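Spelled out, the chains give:
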Amino acid sequence: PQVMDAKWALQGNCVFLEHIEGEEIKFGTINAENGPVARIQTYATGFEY
Amino acid sequence: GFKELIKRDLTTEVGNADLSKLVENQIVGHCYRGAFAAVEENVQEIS
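So the sequences go chain by chain: B and L.
Be aware that the first sequence starts at 1, since it is given in the working numbering, and climbs by one per residue.
Be aware that the second sequence starts at 50, since it is given in the working numbering, and climbs by one per residue.
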């Protein structure tokens, strides 16, 4: 295309905490990152004779 | 005159667990039973 499209992807986040008997464990989180965008131009030259 | 009524004699099923606490499944027993006694059959004694 004239201009590209960014790549997307999801990622989970969690950390292991010490779990002492019968406590509630704290959940993680999900997040997404996106790539950049690139584009393509045009060039041309010629001659007349 | 004595009748033993049974639907499920015994069923030890693993119960729901709180994974958030890391507690194991609740082992729970269960029986669906009943009895039908009478007085025409029985005679009491003493000693």
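Simulated from the structure, these hints should not be mistaken for lab results.
Treat the hints loosely; a few may be bogus.
[Claimed, not checked] Label pairs and their calculated CB-CB ranges:
(1) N31/B to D67/L: 24 to 30 Å
(2) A6/B to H79/L: 53 to 59 Å
(3) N65/L to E23/B: 16 to 22 Å
(4) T29/B to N65/L: 23 to 29 Å
(5) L59/L to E21/B: 29 to 35 Å
(6) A6/B to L71/L: 37 to 43 Å
(7) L71/L to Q41/B: 56 to 62 Å
(8) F16/B to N65/L: 33 to 39 Å
(9) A9/B to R82/L: 37 to 43 Å
(10) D58/L to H19/B: 54 to 60 Å
[Claimed, not checked] In silico EDC-like links for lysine to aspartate or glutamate, alpha-carbon gap of 16 Å or less:
(11) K52/L to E89/L
(12) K7/B to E24/B
(13) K70/L to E23/B
(14) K70/L to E33/B
(15) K70/L to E24/B
(16) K52/L to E94/L
(17) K70/L to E18/B
(18) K26/B to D67/L
[Said to hold, decoys possible] Chain B residues, not near chain L, derived (Cβ > 12 Å throughout):
(19) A6
(20) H19
(21) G22
(22) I25
(23) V37
(24) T45
(25) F47
(26) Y49
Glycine included, each C-beta is placed from N, C-alpha and C at the ideal position.
Structure-based check of all given hints:
no.: 1; hint: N31/B to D67/L: 24 to 30 Å; in the structure: holds (27 Å)
no.: 2; hint: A6/B to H79/L: 53 to 59 Å; in the structure: holds (56 Å)
no.: 3; hint: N65/L to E23/B: 16 to 22 Å; in the structure: holds (19 Å)
no.: 4; hint: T29/B to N65/L: 23 to 29 Å; in the structure: holds (26 Å)
no.: 5; hint: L59/L to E21/B: 29 to 35 Å; in the structure: holds (31 Å)
no.: 6; hint: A6/B to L71/L: 37 to 43 Å; in the structure: holds (40 Å)
no.: 7; hint: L71/L to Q41/B: 56 to 62 Å; in the structure: holds (59 Å)
no.: 8; hint: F16/B to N65/L: 33 to 39 Å; in the structure: violated (25 Å)
no.: 9; hint: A9/B to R82/L: 37 to 43 Å; in the structure: violated (58 Å)
no.: 10; hint: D58/L to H19/B: 54 to 60 Å; in the structure: violated (39 Å)
no.: 11; hint: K52/L to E89/L; in the structure: holds (14 Å)
no.: 12; hint: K7/B to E24/B; in the structure: violated (36 Å)
no.: 13; hint: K70/L to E23/B; in the structure: holds (6 Å)
no.: 14; hint: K70/L to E33/B; in the structure: violated (32 Å)
no.: 15; hint: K70/L to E24/B; in the structure: holds (5 Å)
no.: 16; hint: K52/L to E94/L; in the structure: violated (23 Å)
no.: 17; hint: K70/L to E18/B; in the structure: holds (12 Å)
no.: 18; hint: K26/B to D67/L; in the structure: holds (13 Å)
no.: 19; hint: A6; in the structure: holds (36 Å)
no.: 20; hint: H19; in the structure: violated (6 Å)
no.: 21; hint: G22; in the structure: violated (6 Å)
no.: 22; hint: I25; in the structure: violated (6 Å)
no.: 23; hint: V37; in the structure: holds (41 Å)
no.: 24; hint: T45; in the structure: holds (68 Å)
no.: 25; hint: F47; in the structure: holds (76 Å)
no.: 26; hint: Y49; in the structure: holds (81 Å)
Figure legend: structure checked against the earlier numbered hints; hints not met, in rising order: 8, 9, 10, 12, 14, 16, 20, 21, 22.
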